[PDB]
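Student: Take a look at the letters that make up each chain.
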Amino acid sequence: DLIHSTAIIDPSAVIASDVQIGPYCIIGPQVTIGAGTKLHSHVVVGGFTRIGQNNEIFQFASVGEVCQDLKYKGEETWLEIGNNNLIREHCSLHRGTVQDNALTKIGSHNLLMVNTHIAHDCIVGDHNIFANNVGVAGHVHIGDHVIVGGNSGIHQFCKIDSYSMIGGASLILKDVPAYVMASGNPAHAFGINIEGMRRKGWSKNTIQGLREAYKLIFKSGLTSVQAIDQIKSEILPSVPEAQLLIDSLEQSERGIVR
Amino acid sequence: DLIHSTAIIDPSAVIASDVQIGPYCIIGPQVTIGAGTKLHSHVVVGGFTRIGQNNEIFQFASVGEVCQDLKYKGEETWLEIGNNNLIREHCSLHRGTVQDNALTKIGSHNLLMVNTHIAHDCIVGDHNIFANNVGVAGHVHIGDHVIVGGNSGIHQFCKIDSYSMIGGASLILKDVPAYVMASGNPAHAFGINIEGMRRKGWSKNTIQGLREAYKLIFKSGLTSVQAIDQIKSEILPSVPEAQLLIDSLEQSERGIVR
Amino acid sequence: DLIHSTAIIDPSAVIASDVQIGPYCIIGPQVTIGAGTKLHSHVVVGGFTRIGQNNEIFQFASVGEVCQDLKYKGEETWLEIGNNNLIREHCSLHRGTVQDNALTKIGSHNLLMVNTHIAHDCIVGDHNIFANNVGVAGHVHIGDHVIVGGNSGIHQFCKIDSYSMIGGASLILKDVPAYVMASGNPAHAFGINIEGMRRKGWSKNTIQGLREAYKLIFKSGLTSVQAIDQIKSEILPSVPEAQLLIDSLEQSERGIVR
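Protein chains in written order, with the authors' numbering: chain A, 5 to 262; chain A', 5 to 262; chain A'', 5 to 262. A prime marks a further copy of an entry chain.
The shape of chain A in the complex, shown without the other chains:
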């Protein structure tokens, strides 16, 4: 049978068609599991979690457990997971806090390798890869097509925007703008994800515009606002892809990694 008899499923849970749940899983209250999702053995879904379609969750993952924030006082909060994600062994995904929006959210087509931690109130987009032992702290926002190298940590409230790459064993304390390669402890920007955007099939002119934008942001001594003005003036009109960089700088709360 698709659901092993030793799984324990709260009466308030709702399980869609063709869901697989292996031995010794625990499904808590107010959990919904979408069609085609597979849980291996030994998965705990704590409660208050909506899981989409065609996910796969491996043994010893702790999914939708209460957060670690000492401010938390038992309020009703949630975790949402989209579709087609891979959540490997030993991951921990925590529910939100009322101080933010009571919601931790992950999108679709993500790979969370062994021991990925997604803290309370994170918002993660689509097509991301978190390598082993990645720790994403509270209220972090991750875009799409991001790669986070193994054993890296992302500090609370940071924003890691689309197509960026974080090198292995990095400590990220500030925002990483769209397309940026950042690495280290301490953690510096090193350039644009040129190979990544070439592999995505982007033109030389587009790439050159983003390289000029990078120089304006990181090498020229300009403030974020000043760099935005230059990108808007000279680069954005022929390189619409530069808008993601502008968005990074406009949306930043912690400042950016340099």
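It cannot be assumed that every hint is accurate.
Identical chains share a label here; the pair holds if one copy fits it or two copies do between them.
[Claimed, not checked] With a straight-line Cα cutoff of 20 angstroms, these simulated SDA-like cross-link-like pairs (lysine to any residue) come out: (1) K75 / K204; (2) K75 / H131; (3) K178 / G188; (4) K77 / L90; (5) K208 / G32; (6) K42 / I12; (7) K204 / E238; (8) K42 / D14; (9) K77 / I133; (10) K109 / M201; (11) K77 / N88; (12) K75 / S21; (13) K109 / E80.
Don't read these hints as lab results, they were simulated from the structure.
Since the structure of chain A is already known, use the hints to place chains A' and A'' on it.
Tutor: Then chains A' and A'', alone, in the frame of chain A:
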């Protein structure tokens, strides 16, 4: 029922009033669990462990398992945990070795975030916070009100004294004195926990004394013993809080982080 | 009984004499477990795994699970584990990929401390120690008598040769030759494992030869091939132990750590 029927509890275990134990927990021999403690599902308490009152232990924690020291030869040794601790998913807490005192000990009101490791023979005090993926190696002594940032490691035999703060992703190879902020890989002292002690409600004169003590220890070129003499002479009489710094330097075995 | 009634064992598994399997273990298809091996509670052996004799595997280890490589397309691949290994809590050992040789292999007498990850297609020899939270990425080859310090990461395709030592919290991006001490993030060579080879009972003349070889490789400005020529000419004839260093340099694919 407060104890799930699928828990397996050794006949020599002793369980106090109002203890909760979730599905698929294993409670080994010579375990005592104090009143009000809650184990979620999938907790293993290996054996020879005394747990106090009002603790909470989450799924996939390995509590009171035999240590990893290759010198260990099956001797009877113990783990003790005090009261009101939070032990999150994937933690590992190991029993002691006869070469020391056959005891790993943690106090009360601690938060051990996901994947905290407490090795054999550690002694940990009260009100500490270990962020995700912290590794505390053998025979480490941690005081009270310490914060250890995520993905940090503390080398065997080190002493991390009260009110200190270890930055994220640090490698601590020597002692961290009371009140000291230390971070990095390699891991340096950077100052006194001023904000921490201000938030604890300490006076400016007290703070200034500790800053002078810091300068004597770290900036003056004096040895630990020489710095102690200066702190005793000039600072300790009006700043009794400086005694914790003196204790750090007097008790050090590995020397101190600089 | 040696096998707990709550273990779930695939009909195609083969279990040798005196095997112990604790509560709530899952043994998947095409698993073989050799004589004297002990699994604690809560071990998952995913499938397609051969385990030798006298191993010990602790709770929440994920052993012989499908790999994390996005290229993997459901092909039949394997994990092999030799004899007398210690696999601690929260380890993850993954099966191979057809792009290599469809096999992850670990030898004998290894200690894998808590949360050791061995990725697809790794080949690990004998008598190695992986400290807590070590991540070994895909296709890595580890020799014998290696020590990997806690919270270190080894990049895909690297080769870590016999008697080498990796310091705690290192990021290894290139090969570490035989006898070499390497540490850091970024990760440099710092010398020969002198104490290690003294403790193995090696002569002063042997040690001096290896130190000269180290200088040729790391300090002289010579290429790997040029250093090999010098070691062959002047050192190898009286110091046969230098052959392991030559092998490291000849076998390197990623180049070596400096």
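Student: All the hints need checking, so say for each whether the structure fits it.
Tutor: Hints versus structure:
1. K75 / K204: So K75 and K204 pass the 20 angstroms test across copies only (18 angstroms; inside, 42 angstroms).
2. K75 / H131: between (32 angstroms within a copy, 15 angstroms between copies)
3. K178 / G188: both (12 angstroms within a copy, 17 angstroms between copies)
4. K77 / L90: Result: close only across copies, 14 angstroms inter versus 31 angstroms intra.
5. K208 / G32: neither (51 angstroms within a copy, 50 angstroms between copies)
6. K42 / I12: This pair counts as both: shortest intra-copy Cα distance 15 angstroms, inter-copy 18 angstroms.
7. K204 / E238: neither (24 angstroms within a copy, 52 angstroms between copies)
8. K42 / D14: Both. Shortest intra-copy (17 angstroms) and inter-copy (19 angstroms) distances satisfy the 20 angstroms Cα cut-off.
9. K77 / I133: For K77 and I133, only the inter-copy Cα distance (18 angstroms) is at most 20 angstroms; the intra-copy one is 32 angstroms.
10. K109 / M201: The answer is neither: 26 angstroms in one copy and 36 angstroms across copies each exceed 20 angstroms.
11. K77 / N88: between (32 angstroms within a copy, 15 angstroms between copies)
12. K75 / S21: neither (38 angstroms within a copy, 28 angstroms between copies)
13. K109 / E80: within (15 angstroms within a copy, 35 angstroms between copies)
In this structure, the hints that do not hold are numbers 5, 7, 10 and 12, in rising order.
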